[PDB]
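One chain of protein is taken out of this complex; the other chains stay put.
We call the chains A and B, going by the order they appear; numbering starts again at 1 in every chain.
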Amino acid sequence: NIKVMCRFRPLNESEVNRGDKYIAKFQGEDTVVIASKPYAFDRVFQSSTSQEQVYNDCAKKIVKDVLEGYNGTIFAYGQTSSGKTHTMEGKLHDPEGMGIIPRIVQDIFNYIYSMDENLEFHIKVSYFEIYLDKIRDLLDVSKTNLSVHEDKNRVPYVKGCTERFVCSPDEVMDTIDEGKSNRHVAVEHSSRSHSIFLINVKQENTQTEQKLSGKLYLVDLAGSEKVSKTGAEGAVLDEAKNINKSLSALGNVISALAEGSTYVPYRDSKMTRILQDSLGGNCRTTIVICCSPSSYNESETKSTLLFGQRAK
Amino acid sequence: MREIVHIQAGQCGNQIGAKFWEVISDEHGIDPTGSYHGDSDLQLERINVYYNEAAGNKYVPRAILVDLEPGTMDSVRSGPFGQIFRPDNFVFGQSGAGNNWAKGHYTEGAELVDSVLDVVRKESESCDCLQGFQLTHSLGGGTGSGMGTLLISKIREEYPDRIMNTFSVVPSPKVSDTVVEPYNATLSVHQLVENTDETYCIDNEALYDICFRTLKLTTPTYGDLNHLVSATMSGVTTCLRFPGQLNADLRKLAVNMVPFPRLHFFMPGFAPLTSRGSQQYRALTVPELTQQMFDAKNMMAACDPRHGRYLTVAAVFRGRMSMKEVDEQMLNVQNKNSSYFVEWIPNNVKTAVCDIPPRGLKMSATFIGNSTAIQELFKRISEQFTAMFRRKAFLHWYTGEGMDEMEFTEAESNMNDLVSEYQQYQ
Partner (left out) sequence: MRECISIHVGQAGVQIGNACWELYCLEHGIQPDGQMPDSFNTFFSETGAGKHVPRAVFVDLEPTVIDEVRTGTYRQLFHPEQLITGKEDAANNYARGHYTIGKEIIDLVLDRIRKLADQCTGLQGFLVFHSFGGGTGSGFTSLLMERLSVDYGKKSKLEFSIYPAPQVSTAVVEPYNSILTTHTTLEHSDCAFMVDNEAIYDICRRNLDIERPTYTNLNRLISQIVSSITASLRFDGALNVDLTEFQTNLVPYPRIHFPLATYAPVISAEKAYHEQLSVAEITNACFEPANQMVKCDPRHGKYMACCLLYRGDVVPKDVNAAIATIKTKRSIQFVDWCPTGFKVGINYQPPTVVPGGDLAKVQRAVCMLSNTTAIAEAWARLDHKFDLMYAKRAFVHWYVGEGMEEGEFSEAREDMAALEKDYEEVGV
């Protein structure tokens, strides 16, 4: 089923001296009210919540399902300086402040270290991004216009995407860094393109001769931008248009899945087309949206909350 | 100022385009030699939409003709209006397509697409402000389908924010001339559903039926069918070159008529249509045109509108008429036939009125409909494709040019998804 999680960040030192004020109000643990307008979700986190609680409550079940041959997907949507990188990556080695991806790889590797000796595991990693509705490869700059096809079982995939094996969390972190070192970033560190990261785990029992394949998807959604209030010209305007259209299409797909409609518009955009296997049916997906409670950022916070609410 | 680049691919496309250019030149008052011999200023006021200026008061069409055989080229060049095209815009090969989608789209079309794109680019850089591209082709053939699809893909890559409308002739159930038509139709729809902004579906069976019943023709030929198609094509974009009380652009029609990105398949129409020796007994007013347009025996697609509901209907009137009459007619049409229109969309009908009627008419109207009845056409095509694909019949010709069965499977899945989309809102 579809689950939406909302996280709030504290007022840092660099902005407390300007006299900003809180806007968010909490009731229980699932309702956050701004300007006397409720916004119900599945779980709302407060400032004091550490990363361990977020990992245990948002991603643990999805990680568990992958290791049994199922599929999972984790999104990430928010504006700049809203907590996205802190809740996704953070410090890469601190055992208390590390993000979600380090805990994901730690859990996915601590199981391979403890399961008998008659099972053989392989790990595959891919890293491709969507920019101007054209799939590029972050792990191979040579490829720039990859395509999407369907195999015999009409399960979509990406053709020609680079796929390399790994053997330890260090390799996964290093390839993550190398992939991120080529993503489109505007002039503080605002991403202008959606990013998709695949962690494929497949097992084959040597005795039982049964094969199980599992896919985990990590998606970094770019931020929607209101063009009228900025003054975008040239390439920035095209990027904003593409980002808004893609986010609207993804919201439409998620709403259609949630409402139980007979037809789901899976073929309206590239991103929903690729994730067609790991979105509906017996697939568990969770969305994390990061918000800022300062009065300086009320409009973007409202937009993020509305995008989260669109799913339902 | 809102120019249009015209491309014709294949024999059917070339002949339809020749008839279309004859009709347009008659409307604007241009002699076959390329001179101007009109009688009004409005003819020359917006002539840059379809024509280019030349030395000594001469006008050359912005048309590009592409084919893999030199037969249609020198058949057109010898016609009544063959002296009008620019000789450098003819591009052709020597080896025919042979009714092979794979050949035209992969082997012999890839050795000719560069020159066609070069002439397209040269033609499109002399325009002040582009509006879109027009393409005329047939889905059931080899050169037309594959070549037009390749050109569409290349142009959509080069120009990603321009209108693309194609007037494609669709295979008919009870009229056929090729044995491998369903393969071509499916492989062409698989790309038209993705790389087009609004496509107009036409079939020969409906045109033959119109000629037999409404026009009371005895021995119709291809000229009449091409003539009807050209008439509706000219009526589609009449607001880009003439004044009027209400003006509708191509992008305006796309915005008003397309609710969701995939559903952009329309069935055209025209009115009035009568027979010689039967015009003195009919009065010509707005109600008569409205009644004729919404008739099941006037559409140019072999689909029954009664077996479904409309999503959006666009009616472009030409002539002098009152706006209250048009509004009341378009309202009572929906009120009387509430079961034939989608309930959750209010005001399914859009009205555009221009005050320059076609020569020899007092009033004319073109009908553009987006109904769910178009699903049965794809149903028949997919059924024939499934019948001929289980046994892999006539398949080694396509796999002999560099294709795979996965292309056929993906095309069939895409067409099935389109059919599922259209049925959902019924």
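The rule we apply is simple: a residue touches a chain if its C-beta (ideal position, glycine included) is under 8 Å from a C-beta of that chain, and two chains touch if they have at least 3 such contacts.
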Q | Residue of A:86, A:134, A:180 or A:245 in touch with the missing chain, whole complex considered | A | A:245
Q: Could you tell me which of B:325, B:376, B:410 or B:417 touches the chain that is not displayed?
A: B:325
Q.
Please identify which residue in B:153, B:195, B:245 or B:423 touches the non-displayed chain.
A. B:245
Q: Please give every residue of subunit B in contact with the chain that is not shown.
A: 1-2, 45, 129, 131, 243-247, 249, 251-252, 254-261, 312, 322-325, 327-328, 331, 344-348, 350-351
Q | Hidden partner chain, residues of subunit A it touches | A | 224-228, 232, 237, 240-241, 244-245, 248-249, 251-252, 268, 302-303, 306-307, 310
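Convention: only the chains that are shown with their structure count from here on.
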Q.
Measuring centre to centre with CA averages, how many angstrom lie between subunit A and subunit B?
A. 43
Q) In their shared complex, at which residues does subunit A touch subunit B? A) 149-152, 154, 261-263, 265, 267-268
Q) Which of the residues in subunit B come into contact with subunit A in the complex? A) 260-262, 406, 409-410, 413-414, 417, 420-421, 424
